[PDB]
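What follows is one chain in structure tokens, specifically the form deposited without 1-methyl-L-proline (3BY).
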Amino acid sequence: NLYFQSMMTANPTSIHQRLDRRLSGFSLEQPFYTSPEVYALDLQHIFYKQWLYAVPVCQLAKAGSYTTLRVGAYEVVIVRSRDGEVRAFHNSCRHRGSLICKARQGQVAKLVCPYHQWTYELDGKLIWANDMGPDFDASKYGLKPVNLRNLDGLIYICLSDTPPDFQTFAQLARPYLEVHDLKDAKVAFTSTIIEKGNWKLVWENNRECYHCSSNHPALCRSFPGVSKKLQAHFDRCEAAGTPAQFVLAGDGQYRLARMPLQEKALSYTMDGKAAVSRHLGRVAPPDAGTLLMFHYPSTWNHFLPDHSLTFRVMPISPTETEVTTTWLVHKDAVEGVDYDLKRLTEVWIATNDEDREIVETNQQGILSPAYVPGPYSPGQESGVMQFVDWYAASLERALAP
């Protein structure tokens, strides 16, 4: 309701003027975080144009296996086709538009629409349509495809018919990710939450640890030009065949780095030790730490020697964002034997809840018409500024006539 109150008296969003006068050292003016007009632009120009992380490919290990997701108002279905390729389609029947797959996941022989049973093969092709006449050309009524790439076991999609370059990022990232053998994972746990903040607020909060000391007791135990200590850490990883070195995109979109953990910590556990005894991938040394990877606007990620976590950021409304956290473990690791579910997840479930509380409290103060932009900490918040620059530049380029 704060959102509605705030809406009423807001000055016009005059987006070009706001972008023109924006200073990189400062939080965004209110309508970036609260307005429906900027939200529609963020959808149209960011989420509907960039590559987005969807799910781990291991969720689609089986024959005829499918999983569905919403991206803004798009309903997407991702399916393992007959020929073993993974493909993605718009989950909308070409007859009258019905969703075809209604469950979050399943297995099918064919994609059969529940309304009137137009039946499609798993590559999208319409192979039967009831009583449509002889003037019906089934070749014009195949499922609409959705661009898809496999990033070394992690499925990404893009809803534009003209997607940007994914290959540069894929080629940069393979070395770092291939060593995790993600295609041999299974999902041990998924947690989906809604945060009552604009997606930008979720990213700003992710891209600093300025707030961590006070707000993240559990994570702090394990989670901490290149400094001396740090290069030394990259050197042990790389000496052992485990790529680790800081890579930052030219345009700031993604970043990869294998960072050391605090103290004697090996993993994101309350005791600091490995959560899973049967490791996912061949990372060495054991204290190689965490491979941080972000790709804007959809995902941040921690790949550890024993297990991995992917984080998917999706917009729900101007002041709501769905965060999906997926724990990946070796496909033959056994719950109750090789890992304990509580021990595996408790750290990040608590961290996520603490972040959500912070983001939500932040959003509420921002909705005040008295909110003005404020200065980011150069020492503590340069990753926030780095995110906000990427956003603003993406938006300016999409708005260019």
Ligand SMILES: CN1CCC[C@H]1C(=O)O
Given for the second form:
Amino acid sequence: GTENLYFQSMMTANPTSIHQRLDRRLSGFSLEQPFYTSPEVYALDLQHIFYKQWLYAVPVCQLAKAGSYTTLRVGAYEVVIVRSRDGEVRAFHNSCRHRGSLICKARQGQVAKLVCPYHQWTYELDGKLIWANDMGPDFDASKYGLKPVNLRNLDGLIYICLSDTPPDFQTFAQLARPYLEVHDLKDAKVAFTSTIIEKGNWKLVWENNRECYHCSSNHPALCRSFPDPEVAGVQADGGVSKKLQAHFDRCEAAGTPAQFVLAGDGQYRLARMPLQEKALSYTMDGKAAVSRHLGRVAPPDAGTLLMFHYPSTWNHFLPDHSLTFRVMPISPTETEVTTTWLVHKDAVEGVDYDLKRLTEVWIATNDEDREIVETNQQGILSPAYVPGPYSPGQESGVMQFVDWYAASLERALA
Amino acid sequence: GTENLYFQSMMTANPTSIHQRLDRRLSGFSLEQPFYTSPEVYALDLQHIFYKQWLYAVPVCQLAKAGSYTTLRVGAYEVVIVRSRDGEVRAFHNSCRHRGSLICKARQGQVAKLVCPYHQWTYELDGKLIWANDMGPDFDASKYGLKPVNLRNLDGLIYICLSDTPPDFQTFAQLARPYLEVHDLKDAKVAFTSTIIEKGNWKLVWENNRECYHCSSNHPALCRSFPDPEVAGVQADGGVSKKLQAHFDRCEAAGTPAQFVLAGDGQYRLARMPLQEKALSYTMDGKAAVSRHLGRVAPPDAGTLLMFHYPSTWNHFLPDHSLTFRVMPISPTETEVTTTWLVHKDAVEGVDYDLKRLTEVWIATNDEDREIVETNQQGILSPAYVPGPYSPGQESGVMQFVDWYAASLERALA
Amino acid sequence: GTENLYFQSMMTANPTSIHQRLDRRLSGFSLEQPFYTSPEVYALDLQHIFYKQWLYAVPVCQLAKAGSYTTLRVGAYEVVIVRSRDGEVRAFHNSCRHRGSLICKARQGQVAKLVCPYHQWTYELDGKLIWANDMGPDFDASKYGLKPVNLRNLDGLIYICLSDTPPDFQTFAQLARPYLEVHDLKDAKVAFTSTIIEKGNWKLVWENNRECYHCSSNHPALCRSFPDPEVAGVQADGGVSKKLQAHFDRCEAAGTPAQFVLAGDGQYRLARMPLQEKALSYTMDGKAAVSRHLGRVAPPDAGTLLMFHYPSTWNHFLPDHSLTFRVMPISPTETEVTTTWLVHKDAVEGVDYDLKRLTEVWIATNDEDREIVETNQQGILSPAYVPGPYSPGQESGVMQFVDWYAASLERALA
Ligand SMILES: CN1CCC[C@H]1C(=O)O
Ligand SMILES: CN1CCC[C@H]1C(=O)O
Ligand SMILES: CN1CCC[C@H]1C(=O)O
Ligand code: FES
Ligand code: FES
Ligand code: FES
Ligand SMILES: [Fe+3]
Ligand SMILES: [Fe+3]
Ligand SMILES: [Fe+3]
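And the form deposited with 1-methyl-L-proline (3BY) bound, for comparison with the form deposited without 1-methyl-L-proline (3BY)?
Below is the entire complex, every chain and molecule, led by the chain shown above.
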């Protein structure tokens, strides 16, 4: 399948010549092949994008309990996120300072201390090394605490940054707070998590996400509740339609922030968009999936709070529940997408919601997107693939993403 | 197995130094290791051989119907071959000009138009882009038709060439026509297709094919019907035995071209050779597999029309049925071989032929060749492998192939 | 799992700069990441370590019979070891001198001659080419015998060396003989063989082996019979404890060599160490596994003859049976470990020993070590991994190994 096509295609590819490629790039066109297929560009994307920008990791409700921890891989990093004894959430490199071992092997759990499974070096939940067996009298444990990972809490959503010099997160955090706080995400629980691998480059997953040019043919279930190019894109940035604005006004008159806002540098966007017709949620019948709402959004037909933050996440926060999506790179032609359904912590499965009803729409959607992304990746692997033009009407959000990515890479290579 | 051996062997391999290796090559010896094992030479073989020469794709009878199409991968290219509305067979790159997607996902089918599954850009069966949704009023669809692939019809067998500057095909086509036309291949149907992966370099598959030095020990079934070094090789090029010539004369007196002919540059060869003993076909009992013949070959014991055309194909055309073989590179140590059994279009399975009887000999043979090729590849992966001498008597066809390959590569690197 | 982590980690790794890394290395610290993760260092480890030093292959009792042979892969080499007609054991490259094929496909067997399966070139059991079909009258078979592999017999254990210029083996052989001869290994048979792949670099397998810092937490079964840092390491090299020396004296008064000895260059070590408490063998109850002993070791509580010889082997020779361990590199993050249980040739399964009782302890131990090695490898793959300090008390044997490896590599690159 794709693994072999990947190998075949890179055999005859011309040199990456990344500066030349970046120089000649036009914003109205899809990217030249090696951006989507080459290990050279993939290495750059890790080094300069995923290892430098803030990334969505997990909802904070996953760390509700004392000594609770969750682990994730970002590229080659293995990160552990923990609720320390002081109630603070902190992140560390999941690598013992002795000989490097993973410390936490499970995806989630609770501990009293972080105990290396190899020789039992023992760390407090704030990373300090509190016991190391037989290291001699001049061993200085202060030099051998776990390495910290920069971490922020975005109103109930934990973000991390693998750089020692992280970019400004406060601008985004301040902008987003009014929109997110009404969802009370700190009072959520995880109802369901779905993790899939899509056999396409992470950028193809994002280009796919940033348009609904493909949705009428490809997403029967989603199309019952998700609408219009102005919804899914960014042409509302140059000015809002009267019908859309009336929706924003209904939300905001009711005390729910809605207005479309786009970062200066294009990194992130928030907008609370209307749903189709009379739909209220992402369900097959269009009605709320959960009877006990997560948050205080009003009115009931407030629709979907769309939030993207490149490179890691897109999100849908509805009046009754929320969904977060985490995009993580696996190889030049593979990307991991993790979808997390968030419901009120006291919402009871089988009473306030049905698992199938809650998840079926986006399970189906994700599978459809995956098939499309994978088909797109396979064609791109041809040596005959050349950039093609994006639709100005239907793909302005795709251009906006690709521009963000190219600018980010350019700045990092300067 | 071989995948790991491949990785191990390339770790310590000396530099490819391809010009030096080509310089010191002697025609009487097998090739130095990296020709058979290195990704560097494999990349060259794709770029300079498979992407530059004409290649056998499929029988034209697979495209008998209106709107019919078949897809194939050549290296990293994905090609679609289609019967257009004017009755002409044409080939295209199976990559949408929008964002690159595969258009035809199935191996075979029928369509009215080529409709991209992603955003439904729609193409006529001659590649023209006839509808693109919402591209703006200055989109010029004339610039965005599917990219054509050079295609020839060799008397019922479709050949393609991935280069914008294809080599001369007419010399071969003219030579071959008299031999092939008597098989009426345009009136065939595909009775059976077998696709296997052999874990050896494509050149090892060809060296294996071009001798019967290995056949008495390794091919019990084939040896009941397939003969003698003069059959399988090229020593008839310097002059024909009296017994072989008498066979050619029996065929040709009956109006069936037979005489051994070898290209100037060694690319191709045709000869109608006698079968063993009293055999008439490649079956366990030696009798015709199919009672309704494909073509008008006479006499009934005309034997096998051998045709090879490097790098893609060898073929056996018998009085009752025909077999085509397509060799396609998968990685430095993997090669795809596709065997196609062709019978008269009106021959009925279970009445005029039995599927098992028709296919069992060459299914077995291919499996035996595969085991041999794979065993050979595994030994070659050793760093202790050094070229060895070919048998002048039994491997003159192997030398002839290796000479063609080296000359072709030399010319392409000049 | 690890395969993908390997790929991710090498994408962003800094250049290998092997001389600089070797220059700055401190003996008290674990190695910088690329020693354990990079294909560049793995290639060096093959070229300069595994392809240059003597390596443990198999016990000679596996070649007891006339025409008997055994095959093994070392890196990319395929080696065949054979008992020739003169009774001598010899090794060859398992690659036919014609076109390179493997000759012996099975792991073990008996033959009269070595017959290539491809075109039946036939070799005597001392490698001479005695028949080649149809090679012409000026073919000189004297030039086309199998390529020999340097081979030594270490008191019943066959060692090989892939270099044309092997290092001195006699120093080790002379030192080891008194300790090994009392085990009568030439009179052994193989009771059981276990081959596992551990997903860590070969060096991580060795560092793991060379300490029991991890054993109390990780090896419940082994800890019932295997003891103390002085046992498993090398601090007895600077001087022996009174309790350990008393053990050596009990052995040696009984005519069984025991005293700790360490090579000048650190390559190898032999010591006959006491077992825990009252244990006599590696069994769950601590009693002898086999009632008919392999060899003449006395007293019955002589304990374990530990022998390591880098890079290929560690070994435990007990009064009742013996175990050999062979370490072979598979990729930068994979290593093959082969454990061989040796018992007296006349010991009868189900009468003198029970297979489960004999093997269960070290089957369990190996599986525990494997899990630990693999967990360690996964943490090391993080870009945040940095060298950490070894315990002077508990890891002196780890330092000693890493010093041997670094010195060996330095000398080979000079
Ligand atoms: C349209 N894009 C943005 C939202 C949904 C996604 C998709 O088509 O599934
Ligand atoms: C002998 N070669 C050429 C024809 C058949 C092939 C083989 O041995 O199967
Ligand atoms: C302690 N090392 C050396 C001997 C045993 C090995 C282990 O812990 O299994
Ligand atoms: S690797 Fe963690 S204590 Fe040794
Ligand atoms: S990729 Fe084909 S229409 Fe968009
Ligand atoms: S490869 Fe061994 S005889 Fe030909
Ligand atoms: Fe979609
Ligand atoms: Fe064959
Ligand atoms: Fe252990």
